[PDB]
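The data below hold one chain only, encoded as C-alpha cells and taken in the form solved without the named molecule.
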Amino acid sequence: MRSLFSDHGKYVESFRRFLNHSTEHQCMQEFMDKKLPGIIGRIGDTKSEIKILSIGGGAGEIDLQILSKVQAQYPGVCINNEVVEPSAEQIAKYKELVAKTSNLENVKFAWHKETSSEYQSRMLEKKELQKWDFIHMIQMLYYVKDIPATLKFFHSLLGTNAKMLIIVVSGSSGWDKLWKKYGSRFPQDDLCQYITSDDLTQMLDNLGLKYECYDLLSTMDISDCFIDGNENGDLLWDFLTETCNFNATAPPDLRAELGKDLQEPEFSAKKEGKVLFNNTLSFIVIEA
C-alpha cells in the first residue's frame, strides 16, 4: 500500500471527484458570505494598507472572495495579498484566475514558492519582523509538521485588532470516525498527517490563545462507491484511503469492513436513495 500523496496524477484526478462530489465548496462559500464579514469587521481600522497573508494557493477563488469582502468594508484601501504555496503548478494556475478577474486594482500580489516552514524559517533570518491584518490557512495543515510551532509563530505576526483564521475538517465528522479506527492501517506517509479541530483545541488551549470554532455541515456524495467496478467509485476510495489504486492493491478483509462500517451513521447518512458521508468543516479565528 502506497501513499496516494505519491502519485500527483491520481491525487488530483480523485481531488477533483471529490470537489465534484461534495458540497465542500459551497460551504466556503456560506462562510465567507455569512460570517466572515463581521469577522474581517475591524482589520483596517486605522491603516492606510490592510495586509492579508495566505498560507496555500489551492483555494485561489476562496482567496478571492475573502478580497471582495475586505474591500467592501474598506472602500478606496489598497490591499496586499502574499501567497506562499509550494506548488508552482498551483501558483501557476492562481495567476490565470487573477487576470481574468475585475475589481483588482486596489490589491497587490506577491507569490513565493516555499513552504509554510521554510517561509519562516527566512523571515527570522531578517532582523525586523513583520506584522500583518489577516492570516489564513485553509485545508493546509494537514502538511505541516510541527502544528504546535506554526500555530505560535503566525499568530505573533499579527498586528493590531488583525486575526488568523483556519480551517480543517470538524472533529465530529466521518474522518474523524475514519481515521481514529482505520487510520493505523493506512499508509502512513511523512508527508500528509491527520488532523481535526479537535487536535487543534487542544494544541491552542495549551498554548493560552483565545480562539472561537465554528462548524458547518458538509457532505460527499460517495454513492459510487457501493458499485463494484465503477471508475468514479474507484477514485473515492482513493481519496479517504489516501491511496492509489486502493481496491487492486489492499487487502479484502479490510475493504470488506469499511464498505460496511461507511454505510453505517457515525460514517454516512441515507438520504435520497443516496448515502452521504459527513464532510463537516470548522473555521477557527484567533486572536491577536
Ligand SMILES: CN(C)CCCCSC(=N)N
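Rather than the form solved without the named molecule that you just supplied, could I have the structure of the form solved in complex with the named molecule?
Lone chain follows.
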C-alpha cells in the first residue's frame, strides 16, 4: 500500500477528479469577491510600490484574482509579485497563464523554484530581511515540515499594515473526521502531513499572534464512490485515501468500514440523489 503522493502519476489524475467534482475553486473565488477587498483595504497606504509574496503560488488562478482586487483599490501603483514554488511544471503553467492575461502592466513577476524552507534559510543568510505588504499560503501547509517556525518566520516579514492569508481545510470538514479516525491506517508519506484549521489556530494561539478565521462551505460529489466498479469513483477513492488503487489493495475490512462513514452526517450530506463530502475551507488572516 503506497501513498498516492507517488508524484506526477496517479496523483495528478486523481487531483483533476477532485477539481471537476468539487466547489474548491468557486469557494475561493467567492471569498476573493466578497471578503478580500475589505482585507487588503490598507496594505498599500502611503506606498508607491506594493509587494506580494506567493508561497506555493501554484498555477496562478487565485493569484491573479488577488492582484485584480489589489489593483482596483490602488490605481496606478506598481505591484511586485514574487512566487515561491518548487515544481517547474507548476511554474510553466503559471507563466503561460500570465502571458494570456492583458490587465497586467503595473505588475512585474519573478518566479523562484525552491521550497518555502529553502527560501527561509537562504534569506536568513543574507543581510536584513526584505519586508512584504501581503503574503499568502494557499492549500500548501500540508507540505511544510516545521509549521510553527514557518509561521513565526513569514509573519516577521510583514511590513506596516501588512497581512498574511492562509487557507486549509476546516476543523469541521469531513477531512478532519476522515484523518482522525483512519489517519494511521493510511500510507505514511513523510512528504505531507494532515492539517486542519484547528491545528493551525492552536499553533497560532501558542505563538501569540493575532488572527481572524472565516469558514466557507465547499463540497465534493463522491456519488461514484457508492457505485461498485465505477472507474471515476475509484479515482476519488485514491485522492481521499492518499493511496494508489485503494479499492484493490486495502484490507476488505477497511473499505467496508469507510463505506458506512462516507455517508454519515459528519463526513457527507446526501441530497438531490447525491453524496457531498464536506469540503469546508478555512481562511485565516494574520495581522502584522
